[PDB]
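Visitor: Could you build all of it, start to finish, from the sequences and the hints given here?
These are the residues of each chain, in order.
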Amino acid sequence: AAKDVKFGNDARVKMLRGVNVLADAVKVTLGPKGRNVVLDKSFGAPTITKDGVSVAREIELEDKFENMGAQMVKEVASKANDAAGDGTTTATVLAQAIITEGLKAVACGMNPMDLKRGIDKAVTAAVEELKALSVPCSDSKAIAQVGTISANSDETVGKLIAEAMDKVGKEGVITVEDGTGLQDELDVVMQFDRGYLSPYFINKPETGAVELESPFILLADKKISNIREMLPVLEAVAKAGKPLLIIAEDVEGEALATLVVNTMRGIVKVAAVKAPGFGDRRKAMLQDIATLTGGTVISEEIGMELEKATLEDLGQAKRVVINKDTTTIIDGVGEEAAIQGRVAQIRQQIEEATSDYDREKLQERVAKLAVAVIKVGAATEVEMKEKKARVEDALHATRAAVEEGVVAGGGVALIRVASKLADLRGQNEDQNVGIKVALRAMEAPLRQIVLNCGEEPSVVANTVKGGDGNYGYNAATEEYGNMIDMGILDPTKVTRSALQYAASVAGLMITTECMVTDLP
Amino acid sequence: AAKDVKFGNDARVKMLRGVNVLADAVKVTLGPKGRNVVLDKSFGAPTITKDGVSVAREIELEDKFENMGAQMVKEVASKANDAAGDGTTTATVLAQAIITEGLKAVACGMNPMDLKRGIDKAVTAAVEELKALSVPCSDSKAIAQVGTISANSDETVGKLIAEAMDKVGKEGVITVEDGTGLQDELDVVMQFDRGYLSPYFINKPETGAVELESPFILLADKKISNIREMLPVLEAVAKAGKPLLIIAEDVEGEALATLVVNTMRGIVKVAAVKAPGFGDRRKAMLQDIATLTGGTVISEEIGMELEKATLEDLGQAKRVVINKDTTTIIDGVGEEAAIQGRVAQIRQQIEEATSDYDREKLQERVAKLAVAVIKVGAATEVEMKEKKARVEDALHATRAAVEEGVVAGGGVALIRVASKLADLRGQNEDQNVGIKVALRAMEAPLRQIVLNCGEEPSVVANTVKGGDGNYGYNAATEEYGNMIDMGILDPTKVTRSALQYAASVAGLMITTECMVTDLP
Amino acid sequence: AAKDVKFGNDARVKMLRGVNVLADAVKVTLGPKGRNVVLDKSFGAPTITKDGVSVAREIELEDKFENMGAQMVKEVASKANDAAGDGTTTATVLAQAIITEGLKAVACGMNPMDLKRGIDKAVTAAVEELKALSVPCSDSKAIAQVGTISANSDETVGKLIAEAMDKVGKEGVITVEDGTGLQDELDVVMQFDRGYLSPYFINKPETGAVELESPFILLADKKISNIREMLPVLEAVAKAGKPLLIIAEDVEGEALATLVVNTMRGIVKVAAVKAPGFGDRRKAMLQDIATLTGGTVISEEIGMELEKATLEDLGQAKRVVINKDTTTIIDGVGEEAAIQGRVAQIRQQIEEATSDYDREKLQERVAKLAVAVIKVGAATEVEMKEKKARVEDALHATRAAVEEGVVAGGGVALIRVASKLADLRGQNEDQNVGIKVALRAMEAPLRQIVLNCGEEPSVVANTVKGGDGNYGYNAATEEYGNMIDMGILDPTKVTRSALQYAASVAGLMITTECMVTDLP
Ligand SMILES: Nc1ncnc2c1ncn2[C@@H]1O[C@H](COP(=O)(O)OP(=O)(O)O)[C@@H](O)[C@H]1O
Ligand SMILES: Nc1ncnc2c1ncn2[C@@H]1O[C@H](COP(=O)(O)OP(=O)(O)O)[C@@H](O)[C@H]1O
Ligand SMILES: Nc1ncnc2c1ncn2[C@@H]1O[C@H](COP(=O)(O)OP(=O)(O)O)[C@@H](O)[C@H]1O
Ligand code: BEF
Ligand code: BEF
Ligand code: BEF
Ligand SMILES: [K+]
Ligand SMILES: [K+]
Ligand SMILES: [K+]
Ligand SMILES: [Mg+2]
Ligand SMILES: [Mg+2]
Ligand SMILES: [Mg+2]
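Chains as they are written, first to last, in the entry's author numbering: chain H, 2 to 190, 193 to 373, 376 to 525; chain N, 2 to 190, 193 to 373, 376 to 525; chain G, 2 to 190, 193 to 373, 376 to 525.
Incorrect hints may have been included.
Claimed, not checked - No more than 27 Å apart at the CA atoms, straight line, and that leaves these computed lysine-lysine pairs for DSS-like:
#: 1; chain 1: G; residue 1: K390; chain 2: G; residue 2: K80
#: 2; chain 1: H; residue 1: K321; chain 2: H; residue 2: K371
#: 3; chain 1: G; residue 1: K34; chain 2: N; residue 2: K105
#: 4; chain 1: H; residue 1: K311; chain 2: N; residue 2: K272
#: 5; chain 1: H; residue 1: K105; chain 2: N; residue 2: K390
#: 6; chain 1: H; residue 1: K122; chain 2: N; residue 2: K393
#: 7; chain 1: G; residue 1: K364; chain 2: G; residue 2: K225
#: 8; chain 1: H; residue 1: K122; chain 2: N; residue 2: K160
#: 9; chain 1: H; residue 1: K122; chain 2: N; residue 2: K142
#: 10; chain 1: G; residue 1: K390; chain 2: G; residue 2: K160
#: 11; chain 1: N; residue 1: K160; chain 2: H; residue 2: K364
#: 12; chain 1: H; residue 1: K371; chain 2: N; residue 2: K207
#: 13; chain 1: N; residue 1: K272; chain 2: H; residue 2: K286
What the hints assert, rightly or not - Computed beta-carbon distance windows for the label pairs:
#: 14; chain 1: N; residue 1: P235; chain 2: H; residue 2: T261; range: 17 to 23 Å
#: 15; chain 1: H; residue 1: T261; chain 2: N; residue 2: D334; range: 56 to 62 Å
#: 16; chain 1: H; residue 1: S154; chain 2: G; residue 2: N433; range: 44 to 50 Å
#: 17; chain 1: H; residue 1: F44; chain 2: N; residue 2: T522; range: 57 to 63 Å
#: 18; chain 1: N; residue 1: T522; chain 2: G; residue 2: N487; range: 55 to 61 Å
#: 19; chain 1: N; residue 1: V14; chain 2: G; residue 2: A356; range: 51 to 57 Å
#: 20; chain 1: N; residue 1: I270; chain 2: H; residue 2: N326; range: 41 to 47 Å
#: 21; chain 1: H; residue 1: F8; chain 2: N; residue 2: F8; range: 27 to 33 Å
#: 22; chain 1: N; residue 1: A243; chain 2: H; residue 2: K311; range: 25 to 31 Å
#: 23; chain 1: H; residue 1: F8; chain 2: G; residue 2: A356; range: 52 to 58 Å
#: 24; chain 1: G; residue 1: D11; chain 2: H; residue 2: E186; range: 55 to 61 Å
#: 25; chain 1: H; residue 1: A356; chain 2: N; residue 2: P235; range: 40 to 46 Å
#: 26; chain 1: G; residue 1: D11; chain 2: N; residue 2: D188; range: 52 to 58 Å
To be clear, the hints were calculated from the coordinates, so they are not data collected in a lab. Note that CB positions come from ideal geometry on N, CA and C, so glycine has one too.
Guide: Okay, structure coming up:
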């Protein structure tokens, strides 16, 4: 289609105007005295949220150029989210603050491509400075604090995540789901979503569930319909005394019917449950179980009959628990060599996962082998969704603090790094201005946090810069102090990520001399 | 449809106005103090780029005639790209500079078709003059410099490409891909795009790949479905101790199933992978592998059964590595006589290749026998794509410098050729003006590079023309000197290509007396 | 009326756009390779002119703010004209060149009010530097040159003005009028536009005019109708032998009739002519004549009867010449003390003249007492008016060169002053930039002159700045040399005036932060 082509200052002013709309919608949520944004949503109720990327993703403007602005800087907020899990607002605030200052310089005749070089150099330095300030965070108290700050000063959420990480470990997974109840709730566990096929198996009507004591485990890839196939293996289990769990694609009536009357009487004690999953993921998951239990997958496709299985090919576990909905294998016989080998394999399967969905289900399986769920409570569903948005962010920040330490929040970390790089210079004057652009931008987070409290950002910034180390402004309490003592901890990973991504995009955006888009 | 028909000056003014929009969008990216262009893109985020053809391809104007202008001159930028790989902006700048000057002459009553003859003559001369100035470029230092200048003064990219060409050789291929990491990365290897057929073969779950130590290699032209055919050869490998790779058209279930349970247990260690390619190219490539490994292709078509193969007909290698996507044969037993004989054969197959596509896949195979990938690092994805655009350009220029030498950059090469052709005349006055049009256009690259630094192009041009040999303007450092000493090298091939293509199109465009297009 | 109010950058961009239209229309006429502007004019034929103020005065723009721009800077061109008489284009070119550079600085955050202080300081210095370079110009050759350059390289006009000033002196007046003839023409002369009332007075039918030898002169304020009033004075003249001129408001029939028959016969020799002027100007002019002739105005209003006059109250002259159209008094008896006293009185009457018309008729009378007329020749009337416009400008420049010396033209004078003030600084950085703004503007005249020749202004500017003293570019001949040797002389007064006035206005214009005007 015919294009509209704009040059130079015109193009840039438009590009900025756009950036500002997105920026300005996201910045209002920054900090403890941040407010929420309402995002209309065609199919049903609107969404209230504080989560900066969520606001960002919705912005799309009418004017084709302004839109381009907003659509590029949207990537800062968006990438922060994909790497860190928090800091998306901060990232957005920095980006704006660079772009704005940089473009002002470009308008003064300075060479954009050098302004970029400056910015980038200043940032590579700032990243290293932040790694210096970073003190690690591994005690449950510190984690609870990060969690708390991350969930907009909600101590319960901190406490609850800290408890969760304590219980699953660090090689263990935590999910968040909508609760049915009005208050928050933590559940901890290998298990999968499949119940008994035969309700006449429940050997403990107390719980309404089957409790097989120290049983064998048969892993059938194919779906079973005839009892003929079972007889060989069923025989060896009947003369072994131990019970048996059968996890095949399905246990059909003809072969199910029998199995029932056999446990009915006490000839063998057997359970039947469908296989966890669908398609290639099922065979993959079914294999995971074999490794945990020391059994062989009896895959009909790769040249095995179900009749030619023996006790050899059966897995074993310490105990098994199956109800109407879920099956649980407690402590399988499989050797931890084979297990961690199988895990470091699935760990690198998540590396080559180019899609988010391919990553979800993979780390689910590694947790089953190396798991907790937080249920979020709220009165209504508008409430549910802002809360659940904060819990996720919190969890992410906690995992990030663990893996890369913490720094003083309230945007002070960045303000310090800026004073430490006060002597940084480049190859020429334009690059210098470029550095100074970035350092001045490093103040923006603190400045905006203060501005969302309706207090004079210049005055607070000055006072924090007059101090040392972890002296900062506590925006919630409206007085100064030691940010680490007051529990105001940002993960290093997030603060770093915010800065790197803002710089990457904003840097390039300053180099714009022409814009090409479709006509209206 | 009904047409709008315009004549003479009206038609030309429109045609120019169009050229200028495209030209003017591309010219802003020229040179080290060049800036970037933003190209909106319907499905997701916009693109920032310096790459002149990329900008050009997007231009399409509303006014039906102006569009025609832009759509014709778009071919200069586009063809430069397809032949050279760099110089697309330069090409575009020349084209404009001719068209503009030529049309001005046409308006003065001079006979276009002669102005063309002049231009073309001046260019045929300039091409030869450039071949004189060309000094070859074969040491890694010179190549790194071309690479560097080509990637807008990014020394890492130069260094990295220079290292690459040093390692793959000159009969070896280099690709560029998006990196996962934040910094640039070079990987070097025979390999082909095929994974294991049987995921139950991975003998090292660390990498999630099969690592067959010093194995035999079976090359089956036909597709396998029955284990009967394998037994004779499988037998001799089972009593030899060494593992076996099977590279046939396909390993079907019945014959696959078995092979699995055999390595499953440790009876033989075998891998199964499809054959690289399709049709006649497959048999050709399958044969290449036989030569590298000292094996025989067991081609069912030319009177061989798979059962009548023995250890005799199997290839051998030092090591084999196969994952989900690719199979690699490290250091095959095949004798280097047979190999280089097979290569000098495929080398002359590329000579008779009259189509580009027939040339692509052929030199791919010669590289497999005589390969590297550069992964580009960046923070975000907007960044990734401008960088990856520069790396490709750089690589192209380096390969072009190697094959046709270098000349002084900063557009001086052309400025010299213009002073050397100061005595060139034609058959009549109009042809003379035509020559002078081209020579004056030869200054444009330097002039625009200087103009993107915001300095007086006339003043710099004068000063460079006052000098000799490789005296030029260094736009980055803003002072004059010896361009070769300062590492400012353009490949001859690109400078030549730019000039030839601009001239070809612009020449014709000057001959326009009528334009016919659809009504609005 | 309701106002539109614009602030800051918006207001300034508009203001500039306006300046540029006016500037851009005037700048095209600068220099020897300057072109002409056509100004439409409601009542009849349009006007072709080179005269920069004439173009300026017509510019008025539609957009209310742009207009304000143009309407303010119009004053530069206009004031230059009222003080100097030439340099109006130059003045306009400087003004633009300041405003443009200054506003660019204002946009960079520099404090306008300081930029002004800088500019003004740099100019006060430049004014003094110009007075240093000024060499006086008093020989007819130098004046002819100034005249020539001023009339766009028309040697005749130079020659002709030089001749004129040589003949009238420096205390003598030169006017320019439309000629009837096709070629230029100079006439030299106290006289006024009144013929004899009585055609029967002509005492020399050769010329058809009255030639009264060494006569008395009667100055009657009132209009005469009765011969009674005359008898007393007529008597004393009849017994004195000398003739008599009668310059009253009118000589009515009854008193005219008689006077005729008296000279008819030879009783007295008398002439009768109306008084020069109308109303208060008549009595004023009639008084001028009394002073030149040593007579008394017989004013009926201030208590004098015409009968009570004697030979006492009559003026006297060496000779008198009267024809059908004009009366001339050659060399009156009045003492030069009384004359120059009367002149230095009328000289200060022109000082308090706040209207142009009050100034016209006053300097006419001072010329009658302290005269030459140039008649301009041309074929048509479009031609007449561009030529007459150049002659006036030339005359002005010549009178200015005489009173304040000359400097090297081609705008070099200013370029030198700029290199001499290269060390000038202010009280702070913004003031420094302000100085540099002015010095850079000083190059504009030369740069535009060169640009109207279609040659590279940067290249010429550089080459002139590389030289010394009066080395400059001769735009007419297209080669460099000594501007004074080549006769390319600008009057100091004009070059100074241009600079001062541009600076005054442009200085203020840079301080604009808000604009208030009526709605559309
Ligand atoms: N009580 C507080 N005083 C000052 N700063 C705080 C306080 N609580 C949180 N913050 C800071 O405000 C920032 C707000 O983060 P948030 O608004 O969730 O946006 P983001 O997407 O950038 O995490 C945190 O980095 C934290 O440093
Ligand atoms: N530092 C420098 N000084 C002067 N010229 C340079 C410098 N670096 C690169 N160039 C020149 O500028 C040209 C810019 O090429 P580029 O802008 O990528 O457009 P193209 O598509 O024509 O390669 C190169 O040919 C090179 O000669
Ligand atoms: N032959 C020449 N070469 C260079 N400069 C010239 C020549 N003739 C005139 N000039 C310069 O050009 C200027 C032109 O004056 P003009 O165009 O009449 O505008 P203005 O209203 O400023 O006098 C003069 O100041 C003179 O210095
Ligand atoms: F805006 Be962040 F994700 F808290
Ligand atoms: F514009 Be080129 F491809 F560097
Ligand atoms: F424009 Be000037 F009065 F010659
Ligand atoms: K937020
Ligand atoms: K380019
Ligand atoms: K003029
Ligand atoms: Mg947060
Ligand atoms: Mg290039
Ligand atoms: Mg003049």
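Visitor: Determine for every hint whether it applies to the structure shown.
Guide: We went through each hint and held it up to the structure:
1. G:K390 / G:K80: The hint holds at about 22 Å.
2. H:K321 / H:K371: Distance ~16 Å between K321 of chain H and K371 of chain H Cα, so the pair holds.
3. G:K34 / N:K105: 21 Å, holds
4. H:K311 / N:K272: 23 Å, holds
5. H:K105 / N:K390: 25 Å, holds
6. H:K122 / N:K393: 20 Å, holds
7. G:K364 / G:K225: Distance ~22 Å between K364 of chain G and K225 of chain G Cα, so the pair holds.
8. H:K122 / N:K160: It holds: about 20 Å lies between the C-alpha atoms, which stays within 27 Å.
9. H:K122 / N:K142: 26 Å, holds
10. G:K390 / G:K160: 20 Å, holds
11. N:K160 / H:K364: Violated. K160 of chain N to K364 of chain H sits at ~41 Å, over the 27 Å cutoff.
12. H:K371 / N:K207: Holds, because 22 Å separates the two Cα atoms, which is no more than 27 Å.
13. N:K272 / H:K286: 23 Å, holds
14. N:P235 / H:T261: 17 to 23 Å: 45 Å, violated
15. H:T261 / N:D334: 56 to 62 Å: 58 Å, holds
16. H:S154 / G:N433: 44 to 50 Å: For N433 of chain G against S154 of chain H, whose Cβ atoms are near 48 Å apart, the range 44 to 50 Å holds.
17. H:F44 / N:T522: 57 to 63 Å: 45 Å, violated
18. N:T522 / G:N487: 55 to 61 Å: 59 Å, holds
19. N:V14 / G:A356: 51 to 57 Å: 54 Å, holds
20. N:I270 / H:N326: 41 to 47 Å: 43 Å, holds
21. H:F8 / N:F8: 27 to 33 Å: Since the Cβ atoms of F8 of chain H and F8 of chain N sit about 31 Å apart, the hinted range of 27 to 33 Å holds.
22. N:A243 / H:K311: 25 to 31 Å: Given about 29 Å between the Cβ atoms, the range holds.
23. H:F8 / G:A356: 52 to 58 Å: 54 Å, holds
24. G:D11 / H:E186: 55 to 61 Å: At roughly 58 Å between Cβ atoms, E186 of chain H and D11 of chain G fall inside 55 to 61 Å, so the hint holds.
25. H:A356 / N:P235: 40 to 46 Å: 42 Å, holds
26. G:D11 / N:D188: 52 to 58 Å: 55 Å, holds
Hint compliance for this structure: hints 11, 14 and 17 are broken, all remaining hints hold.
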